[PDB]
Amino acid sequence: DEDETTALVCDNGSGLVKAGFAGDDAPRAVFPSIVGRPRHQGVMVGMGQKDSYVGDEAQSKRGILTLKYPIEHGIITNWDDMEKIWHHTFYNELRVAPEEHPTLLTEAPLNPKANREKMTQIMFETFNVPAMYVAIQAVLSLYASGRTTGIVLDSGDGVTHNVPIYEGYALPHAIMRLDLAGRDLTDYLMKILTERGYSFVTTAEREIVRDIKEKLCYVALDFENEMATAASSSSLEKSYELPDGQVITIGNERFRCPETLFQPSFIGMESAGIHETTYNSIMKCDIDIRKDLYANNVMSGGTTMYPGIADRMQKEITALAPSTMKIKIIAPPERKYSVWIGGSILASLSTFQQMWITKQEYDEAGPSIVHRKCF
Amino acid sequence: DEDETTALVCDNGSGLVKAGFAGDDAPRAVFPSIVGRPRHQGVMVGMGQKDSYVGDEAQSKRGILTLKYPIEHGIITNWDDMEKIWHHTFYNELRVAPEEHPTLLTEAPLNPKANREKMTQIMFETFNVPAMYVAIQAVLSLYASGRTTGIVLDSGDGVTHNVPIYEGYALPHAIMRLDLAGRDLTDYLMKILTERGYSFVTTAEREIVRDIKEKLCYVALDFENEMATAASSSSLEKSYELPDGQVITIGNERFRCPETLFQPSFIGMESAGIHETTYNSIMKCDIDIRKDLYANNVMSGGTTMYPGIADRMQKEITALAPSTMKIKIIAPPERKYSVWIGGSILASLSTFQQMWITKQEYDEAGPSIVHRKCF
Amino acid sequence: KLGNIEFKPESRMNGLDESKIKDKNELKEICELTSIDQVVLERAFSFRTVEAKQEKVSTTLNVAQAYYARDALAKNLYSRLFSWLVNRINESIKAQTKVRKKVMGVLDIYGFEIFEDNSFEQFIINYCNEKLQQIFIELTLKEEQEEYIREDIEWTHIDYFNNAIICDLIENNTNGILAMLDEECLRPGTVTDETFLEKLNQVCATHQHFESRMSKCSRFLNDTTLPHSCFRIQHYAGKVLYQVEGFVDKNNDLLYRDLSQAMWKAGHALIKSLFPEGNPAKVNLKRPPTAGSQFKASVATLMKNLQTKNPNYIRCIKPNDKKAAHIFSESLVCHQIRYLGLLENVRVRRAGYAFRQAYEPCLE
Amino acid sequence: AXXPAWX
Ligand SMILES: Nc1ncnc2c1ncn2[C@@H]1O[C@H](COP(=O)(O)OP(=O)(O)O)[C@@H](O)[C@H]1O
Ligand SMILES: Nc1ncnc2c1ncn2[C@@H]1O[C@H](COP(=O)(O)OP(=O)(O)O)[C@@H](O)[C@H]1O
Ligand SMILES: [Mg+2]
Ligand SMILES: [Mg+2]
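Chains as they are written, first to last, in the authors' numbering: chain B, 1 to 375; chain D, 1 to 375; chain P, 280 to 643; chain F, 1 to 7.
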């Protein structure tokens with residue numbers, strides 16, 4: 001097993017569990033944050049066929065399951081299913097006892113504090129961790145950059161952040177939160193695939209559409225001329241073989257899916273877009289911070305592996321920011337993992353080991369200790 | 001280090017520390033007399049991020065600090081912060097031990113005597129200087145002129161002086177003090193910049209406005225025709241690029257800022273102005289002194305590097321003084337430093353080395369020794 | 280020949296900037312030499328891969344990180360060739376058919392390398408001297424005490440200056456000097472050495488023996504014998520003044536997984552045999568231990584190979600540096616008497632005894 | 001400059 005007391009870094013954003021140990025390059029366990037459950041009856045007698053499938057096994061059996069994400073927009077909705085996800089995380093995937101390891105959880109800013117508080121209650125009461133710490137996810141995404149100055153966009157499966165930090169000091173009044181992320185892009189892609197002719201409605205078919213979004217989507221630097229480019233010829237069409245047979249061929253849907261991220265009116269969501277929430281987070285900072293946020297604009301979570309989103313990102317923030325400013329969009333190709341990687345850095349720091357919310361301090365101050373020790 | 005017992009000449013007027021050694025051209029250390037302090041929380045763990053930034057480092061980090069001047073109108077208000085300023089002065093900037101060097105401090109006339117007395121108590125009790133001497137700042141500004149006859153205007157960041165001296169003898173009944181100086185001009189410029197459209201309210205933005213005042217202001221020899229000159233055309237407008245982006249364009253504010261110095265009603269301060277306090281200091285002297293004060297009207301501190309203030313100064317004192325008098329405004333371009341330079345002259349004089357308030361005389365007579373040895 | 284590789288910046292792609300080698304002739308000849316594919320090792324300096332679960336995504340190093348990977352590959356290749364060499368000497372004379380055996384050992388270890396411009400190396404040297412005096416003051420002095428008290432004589436000898444305070448100064452996992460250097464190499468941001476000395480002044484300098492100039496509660500503030508970018512440590516022998524220049528540059532042992540993974544295919548049955556970490560069937564995901572982890576773990580291995588044994592000491596003294604057989608310089612030997620801790624040794628051995636035996640061979 | 005709303 002693990003012969004030491006190495007800290008656990010568990011990172012469930014809203015749609016993908018990535019967990020592992022501190023002082024480590026990559027997360028050891030990366031699996032979908034789903035719990036599946038059979039929706040019709042078992043007939044082969046003597047089969048096993050447990051009435052819950054968590055993680056990657058659920059995508060192995062998703063044709064006979066109703067898949068259900070226990071965490072939506074960064075908020076944990078099903079608590080017993082999230083306990084299934086954590087139980088599978090420690091005991092099956094990462095294959096370790098939580099009693100021996102301090103654990104580092106992550107969440108978004110501007111979240112309900114009962115998420116953080118009940119997450120601490122489940123970590124100490126159910127899994128009996130010795131220490132525990134919730135961490136703001138974009139902050140950790142700046143720990144992976146090796147920077148102490150920068151504004152961080154990450155955009156996981158349920159939430160996007162823009163946390164600005166200058167010289168180690170965060171600017172929590174200048175913080176942002178938009179609930180437009182990759183599951184919303186998956187749903188919008190599923191809608192416009194219904195526009196082309198392909199009907200995906202099941203949760204398993206939603207997982208297929210999510211795969212189409214990951215394999216086969218880019219961001220379109222200039223959306224109008226890319227739109228007319230797809231309207232002119234079929235040079236942007238691309239085929240995807242569905243599981244078990246039929247192939248599909250998608251055109252302008254390839255780049256209309258993450259244009260919703262730059263233009264949230266497509267999914268009917270009144271917002272300013274990703275590029276304007278970055279600029280508005282920078283303009284909420286003080287005057288002497290802003291060029292150090294322009295040159296350090298870290299873009300480091302999931303749903304940013306769309307090809308060209310750093311080009312669209314710089315191309316649009318440059319149009320908002322004044323001239324003679326140096327707009328550098330940092331898009332480090334190890335992102336989708338850098339919230340975990342910065343979790344690994346922070347949990348492996350030696351200054352940090354008196355910042356763990358420990359037990360006998362949880363037992364002393366109840367579950368509200370998180371609002372005086374964590375942030 | 002320093003292989004001798006050279007005297008320290010430390011000169012904090014109210015807004016700029018300029019310190020160095022005696023027998024020296026220029027002050028070795030010139031830095032802002034500010035102490036900065038973080039106003040929101042530290043988030044990057046393992047950073048350093050000390051909870052006090054003194055001097056030039058505070059202007060390097062002023063976007064996340066609340067800057068605070070420990071000395072206001074020539075009076076030290078925060079004593080622990082002034083001890084931060086002195087500690088940084090000797091041990092970080094000038095990088096020397098105060099135990100080895102007699103120190104020459106400066107202050108204004110007509111100051112509270114607890115400023116001078118507590119400054120002596122902090123120099124002997126805290127820094128353990130062997131000798132110490134407070135010095136009237138405009139007197140030293142006449143030591144830099146190489147003159148022993150003249151009336152001295154200096155106008156630092158918090159106080160302006162007009163000390164008249166004839167044949168080596170000061171006229172302390174004819175002395176003056178106005179509390180209108182460059183920080184008041186910075187605040188008034190910040191107000192009329194709010195009149196044009198640019199809102200500066202933070203202490204860091206106050207430091208930006210102070211920079212606009214230094215780079216981009218002159219004094220307007222005839223204020224009414226300059227005022228109508230700016231009202232006629234845009235030939236007096238000038239642009240200033242703010243830190244991190246936006247450019248501004250100032251017009252009549254370029255010369256309405258130091259007209260407050262010649263006309264203190266703009267900042268709502270009942271006074272006679274700079275030009276009339278000089279003439280009133282001369283008329284308080286005896287009849288046989290005045291033409292030697294007219295021809296030796298030294299104008300030698302900070303806030304006098306406004307272009308044309310010697311032209312406005314001579315042009316207005318000539319209108320007050322009788323005809324057939326020779327009005328010579330001495331404006332030696334080494335001013336903003338000549339209080340320090342005359343401190344260097346006075347501390348390097350050989351007649352002066354029995355005028356130091358020494359320890360074992362401080363210990364004998366308490367801290368009130370300054371009111372029998374200094375002046 | 281690996282040291283001639285020098286790097287230059289390169290802008291694209293925007294974030295982070297690529298380090299690019301300048302002249303490929305030295306790289307081409309060491310790749311011809313070691314028989315490794317040249318673009319594999321060329322990408323092993325500028326790129327490091329992260330590998331979570333069946334993904335192989337490759338990220339970009341800094342130029343300074345490229346010199347750190349260059350130097351880390353060099354000194355790990357050399358140190359590991361040295362260890363393989365000692366192991367190959369070992370497997371000629373090995374205790375075959377291993378049984379319960381007894382060992383007599385000889386430790387050729389240095390003394391206090393106190394140099395006029397000390398560095399990280401003399402810091403580790405003086406540190407394992409601190410652990411070495413701890414394996415004197417633990418083993419020998421405490422077996423004196425359990426012996427003396429156990430044999431019914433009423434002593435508890437007067438006092439000793441314990442070294443647990445100095446070990447607590449350096450090897451502490453939170454308040455140590457090596458631990459704040461491991462921080463310093465894991466810190467985001469500018470990681471220059473003056474920020475390390477500032478960190479030592481901040482929270483390491485509540486200590487009785489850590490003596491710095493610009494520390495928090497600084498008693499040594501007005502002392503011109505302490506310069507800046509330096510710190511004293513009052514050891515048990517005396518005070519040693521350390522320059523911090525190159526300190527954080529020589530902590531760094533960024534031997535990434537792609538350096539060993541590159542050199543695992545590299546030609547020889549030696550360089551392949553040096554690095555089992557470069558096996559793709561051996562997924563070693565941990566970050567590289569820098570030097571406080573490595574040298575401190577090597578000191579802990581030394582202490583594992585000494586606490587099971589009885590120590591008997593040699594204190595070795597040179598008269599002068601000019602290799603003279605007659606000339607006995609007094610000042611250099613007085614230096615070595617002061618820092619080998621000999622007068623304190625004479626004081627401790629004047630506790631009660633100088634000789635002990637059992638009854639029967641003494642009567643015989 | 002300033003603000004929003006201000007210049
Ligand atoms: N290569 C890719 N291109 C586009 N989107 C992706 C890609 N990889 C993952 N995503 C999307 O990113 C989201 C997961 O990102 P991540 O940050 O791992 O989520 P979490 O919030 O669970 O941490 C999923 O919605 C997934 O659809
Ligand atoms: N070039 C300049 N033009 C106009 N004002 C200046 C200039 N340089 C400095 N000042 C003003 O002079 C003041 C500092 O002058 P100084 O005499 O050094 O102050 P102190 O009283 O601290 O010695 C500051 O308020 C600054 O705004
Ligand atoms: Mg995420
Ligand atoms: Mg002055």
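Hints were generated in silico from the structure; no laboratory data involved. Cβ coordinates follow ideal geometry from the N, Cα and C atoms, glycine included. Treat the hints loosely; a few may be bogus.
Here are the simulated PhoX-like cross-link-like pairs (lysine-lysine), alpha carbons at most 20 Å apart as the crow flies [said to hold, decoys possible]:
(1) B/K215 - P/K299
(2) B/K291 - D/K61
(3) D/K61 - B/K284
(4) D/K84 - P/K495
(5) D/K291 - D/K326
(6) D/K84 - D/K118
(7) P/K335 - B/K215
(8) P/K280 - P/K299
(9) P/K551 - D/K50
(10) P/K354 - P/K495
Simulated restraints, written as ranges between beta carbons of each label pair [said to hold, decoys possible]:
(11) B/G308 - P/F394: 35 to 43 Å
(12) P/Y592 - D/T5: 44 to 52 Å
(13) P/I444 - B/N92: 28 to 36 Å
Here is how each hint holds up against the structure:
no.	hint	verdict
1	B/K215 - P/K299	violated (31 Å)
2	B/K291 - D/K61	holds (13 Å)
3	D/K61 - B/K284	holds (17 Å)
4	D/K84 - P/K495	holds (13 Å)
5	D/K291 - D/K326	holds (7 Å)
6	D/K84 - D/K118	holds (15 Å)
7	P/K335 - B/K215	holds (16 Å)
8	P/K280 - P/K299	holds (18 Å)
9	P/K551 - D/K50	violated (48 Å)
10	P/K354 - P/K495	violated (37 Å)
11	B/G308 - P/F394: 35 to 43 Å	violated (56 Å)
12	P/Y592 - D/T5: 44 to 52 Å	holds (50 Å)
13	P/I444 - B/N92: 28 to 36 Å	violated (46 Å)
The structure is inconsistent with the numbered hints 1, 9, 10, 11 and 13, although it conforms to all the rest.
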